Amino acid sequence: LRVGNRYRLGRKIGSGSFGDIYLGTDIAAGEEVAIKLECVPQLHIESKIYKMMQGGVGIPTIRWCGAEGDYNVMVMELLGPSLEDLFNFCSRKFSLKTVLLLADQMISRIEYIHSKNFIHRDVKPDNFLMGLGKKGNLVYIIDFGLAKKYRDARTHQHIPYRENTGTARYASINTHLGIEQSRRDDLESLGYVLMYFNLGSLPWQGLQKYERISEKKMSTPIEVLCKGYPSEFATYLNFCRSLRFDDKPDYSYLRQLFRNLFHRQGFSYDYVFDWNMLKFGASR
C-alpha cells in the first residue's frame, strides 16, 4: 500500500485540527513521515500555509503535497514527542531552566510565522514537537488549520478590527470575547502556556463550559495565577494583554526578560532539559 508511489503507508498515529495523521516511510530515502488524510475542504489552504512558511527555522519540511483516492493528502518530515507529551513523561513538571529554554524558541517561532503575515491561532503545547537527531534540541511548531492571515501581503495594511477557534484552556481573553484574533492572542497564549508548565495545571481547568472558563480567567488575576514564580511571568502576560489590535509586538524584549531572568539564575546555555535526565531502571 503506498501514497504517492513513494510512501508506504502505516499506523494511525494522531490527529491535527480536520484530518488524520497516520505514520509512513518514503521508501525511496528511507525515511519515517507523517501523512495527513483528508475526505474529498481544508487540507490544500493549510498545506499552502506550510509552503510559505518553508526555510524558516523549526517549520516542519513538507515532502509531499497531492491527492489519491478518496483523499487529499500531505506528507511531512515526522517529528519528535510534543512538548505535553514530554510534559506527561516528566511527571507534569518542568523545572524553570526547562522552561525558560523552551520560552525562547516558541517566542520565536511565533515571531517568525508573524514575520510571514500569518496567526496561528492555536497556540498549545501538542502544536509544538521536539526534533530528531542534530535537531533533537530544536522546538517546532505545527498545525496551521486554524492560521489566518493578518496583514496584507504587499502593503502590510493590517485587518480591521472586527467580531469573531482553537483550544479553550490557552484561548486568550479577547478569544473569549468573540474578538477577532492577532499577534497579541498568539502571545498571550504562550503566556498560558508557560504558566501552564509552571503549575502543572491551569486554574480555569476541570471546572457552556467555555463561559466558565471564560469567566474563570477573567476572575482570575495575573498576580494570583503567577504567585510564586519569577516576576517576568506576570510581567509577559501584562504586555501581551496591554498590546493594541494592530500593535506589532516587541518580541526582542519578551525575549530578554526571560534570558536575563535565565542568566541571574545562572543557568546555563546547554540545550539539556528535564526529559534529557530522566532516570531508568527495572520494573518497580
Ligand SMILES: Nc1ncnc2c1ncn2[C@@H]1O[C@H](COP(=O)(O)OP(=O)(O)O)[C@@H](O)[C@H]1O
Second form
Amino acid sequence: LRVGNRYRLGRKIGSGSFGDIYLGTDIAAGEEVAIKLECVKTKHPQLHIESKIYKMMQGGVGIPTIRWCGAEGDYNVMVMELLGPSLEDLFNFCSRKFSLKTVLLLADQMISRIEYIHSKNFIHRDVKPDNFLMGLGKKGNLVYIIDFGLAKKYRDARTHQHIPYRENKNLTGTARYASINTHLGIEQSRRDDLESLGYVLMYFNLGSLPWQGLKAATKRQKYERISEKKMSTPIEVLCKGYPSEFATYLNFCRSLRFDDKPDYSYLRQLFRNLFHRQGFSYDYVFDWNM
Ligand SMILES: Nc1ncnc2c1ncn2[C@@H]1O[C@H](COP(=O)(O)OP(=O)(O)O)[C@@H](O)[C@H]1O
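What I would like now is the form solved in complex with the named molecule, since the data block earlier showed the form solved without the named molecule; can you produce it?
Let's see the whole complex now, leading with the same chain.
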C-alpha cells in the first residue's frame, strides 16, 4: 500500500472536512507520519492551500511540522508530523467528564495556540476539540492545534492593517462552537476564535452544550435553531455552577471589538489564578494520565 516510493500507508485514522488522514511510514526517515490525501478529481481543491498555511505556521509551539507536499498517483499529498489523540477522543474516552484541573490545563495551552496563529496573521475559524491533539512521547503533555483548512488572513503581514469590518454570509466552521458574530453573518476576527474556545471549555465542563442535539430537516434550519438557542441562553445561565472565570472569559470575548487585539495574557491569568486558588500546579497530569 504505497504512496510513490516515499510512504507506505498503514491505516486510515481520520477524515476531516476534506480528504483523509492515514497513519503511514516515511520510508527514507524510518518513522511514522500522518498522511493526508485529497483526490486529484476534486473540483474544490484545498490541500495545497492548507499546506501553505501550515508552512507559514511552522516553528510555533504546538504546531505540527509539515514533512512533504506533492502529488503521487491519484492524490494530492500532505505529510505531517504524527500526533497523538484529539481532545474529542480523549474526552469521549473520559466519558465526557473532565476535571476542572484538566479543563484549566487545557485552556492555558489552547489560548496560547490561538494567540500564535493570530501572531502569524491568520484567524483559525474552526476551534473545536477535534482540532487539538496531544503530542507523542515526551511531547505527550503538549497540546497541538491542527486543521488550517478554513484559516483566513485578518491583517497584512508587513503593515498589520486589519481587514475591514465586513459581512460574511457563510457559517463556515462548526455551528456548535461558532461565535454569535458568526451567526449574525459578520466576518470572523481574533475575538471569534477566543469566543469559540469559550464554548469548547464549557462543553468540556458540561459534557454537552444546550444548543447541541436539536433536530431539523434542512441543514440551514439546524443552524437557525442553534443560532436561536445560543442567542437565547445568557452566558450567566450557560456557565451556572462553574467558576465565574468561565463567564468572565466569554463576556470578555463577546465584548471585544472586531479589530481589537485580545488580551490573551489576561485571559490565561484568569484561569491560572483560579487554578492556583484551587491548589493545582501545572504538572501536566491530565485526567487520562491517571
Ligand atoms: N498530524 C496528525 N497526527 C495524528 N492524527 C491526525 C493528525 N492530523 C489529523 N489527524 C486526525 O484526523 C482528523 C482529521 O484531520 P483534519 O481535520 O483533516 O486535519 P489537518 O487538516 O490538520 O490534516 C483529526 O481530528 C485527527 O484525529
